[PDB]
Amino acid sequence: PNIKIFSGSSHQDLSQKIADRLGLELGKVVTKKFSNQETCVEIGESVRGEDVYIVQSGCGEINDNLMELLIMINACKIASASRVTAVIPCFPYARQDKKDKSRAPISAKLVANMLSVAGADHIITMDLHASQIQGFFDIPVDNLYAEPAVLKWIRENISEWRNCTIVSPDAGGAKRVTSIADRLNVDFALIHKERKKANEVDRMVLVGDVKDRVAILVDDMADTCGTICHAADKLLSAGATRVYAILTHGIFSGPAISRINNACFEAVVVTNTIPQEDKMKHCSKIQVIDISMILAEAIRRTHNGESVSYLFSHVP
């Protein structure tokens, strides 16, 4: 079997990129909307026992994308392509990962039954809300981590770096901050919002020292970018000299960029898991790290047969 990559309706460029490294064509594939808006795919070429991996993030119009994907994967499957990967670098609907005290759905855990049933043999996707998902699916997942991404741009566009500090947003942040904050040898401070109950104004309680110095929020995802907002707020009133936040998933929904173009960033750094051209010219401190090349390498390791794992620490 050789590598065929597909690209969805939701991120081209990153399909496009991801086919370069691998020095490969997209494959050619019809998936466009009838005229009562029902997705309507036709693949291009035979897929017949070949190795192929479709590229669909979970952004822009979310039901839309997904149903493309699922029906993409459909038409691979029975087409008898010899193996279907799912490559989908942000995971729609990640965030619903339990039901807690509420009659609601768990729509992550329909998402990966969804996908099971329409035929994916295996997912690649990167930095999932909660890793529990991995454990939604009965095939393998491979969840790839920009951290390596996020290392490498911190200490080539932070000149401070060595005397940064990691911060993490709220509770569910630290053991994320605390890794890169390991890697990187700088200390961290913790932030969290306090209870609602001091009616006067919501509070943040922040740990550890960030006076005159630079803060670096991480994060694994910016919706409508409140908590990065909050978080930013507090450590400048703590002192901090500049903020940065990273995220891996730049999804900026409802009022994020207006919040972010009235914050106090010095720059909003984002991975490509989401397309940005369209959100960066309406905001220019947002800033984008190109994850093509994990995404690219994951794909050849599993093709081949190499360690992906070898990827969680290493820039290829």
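Residue numbers count along the first chain shown, from 1. Heads up, when I say rigid core I mean the largest set of C-alphas that superpose within 1.5 Å between the two forms. Compared with the form deposited in another entry:
Note: rigid core superposed between these two forms; among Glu156, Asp182, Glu160, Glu194, the CA shift is 2 Å or more only at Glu194.
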Contents of the next structure:
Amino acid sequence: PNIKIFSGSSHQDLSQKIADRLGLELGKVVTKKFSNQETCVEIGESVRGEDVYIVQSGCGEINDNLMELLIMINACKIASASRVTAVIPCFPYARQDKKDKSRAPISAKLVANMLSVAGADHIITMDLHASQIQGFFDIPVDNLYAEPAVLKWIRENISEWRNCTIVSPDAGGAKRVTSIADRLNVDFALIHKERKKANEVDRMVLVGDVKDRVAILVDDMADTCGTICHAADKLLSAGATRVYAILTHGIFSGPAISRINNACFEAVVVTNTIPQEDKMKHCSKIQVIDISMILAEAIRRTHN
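Next, give the form deposited in another entry, keeping in mind that what was shown is the form deposited in one PDB entry.
The following holds one chain only.
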């Protein structure tokens, strides 16, 4: 079997980078929409007995892209592919990973079941919102981490990183922040927005010392940037000299770009698990880390 790399419509630049790093051309696929907005998938070459990798991030038109991915997986399976791997750099519906409300769906589990029934044999993803999503499948799931790239960026771009403090923007990010602070041998702090019991002002509590130090906000994602922006205001109010934000998934939906442009961030650093070209054109603060080498190595090791 040979590696066949197919791109969905979501992140074709990343698919191209992966294919170039693998020394391959992207597989011939036409991924369009029928007139009635149904997903049209036209695989343009044989995948018989091939090791098929389909790259599709959960971003942009989320349901469009997920349906595209499922249809492409099923087409490859029925086309007698030896193995079909879904390379999903940002797993869609990953934040819906539990039922902590009445009648709430576990949408991540539903997405996993849909991928399984489409015929996926392997999942490669980066920085799952919850690592337990690996357990939502009965197939191997590669949960790659961008933390080494994030440490590289910190050591190369922040001069006073040895005296910095890594800040969690919420309680759920504590493990990630403590891991990064341990690897950098630096202090850490945590910021918590307390629960909205009524309609008073949202107030943020900070535990840890950030006074007269560079604060690096590290989180798994920035969707609306409310978390990181509120944390940044709190950090400046607490005496931080400079504030950085490093995420692995830059979703930047809704008011995020205006929020960041009006915030105090020295830089907002994200990986390219989600396309950032449009976001960078409206926010100069955004910088991107390439994770295509991580995904390419994951695909190569999965194949080998």
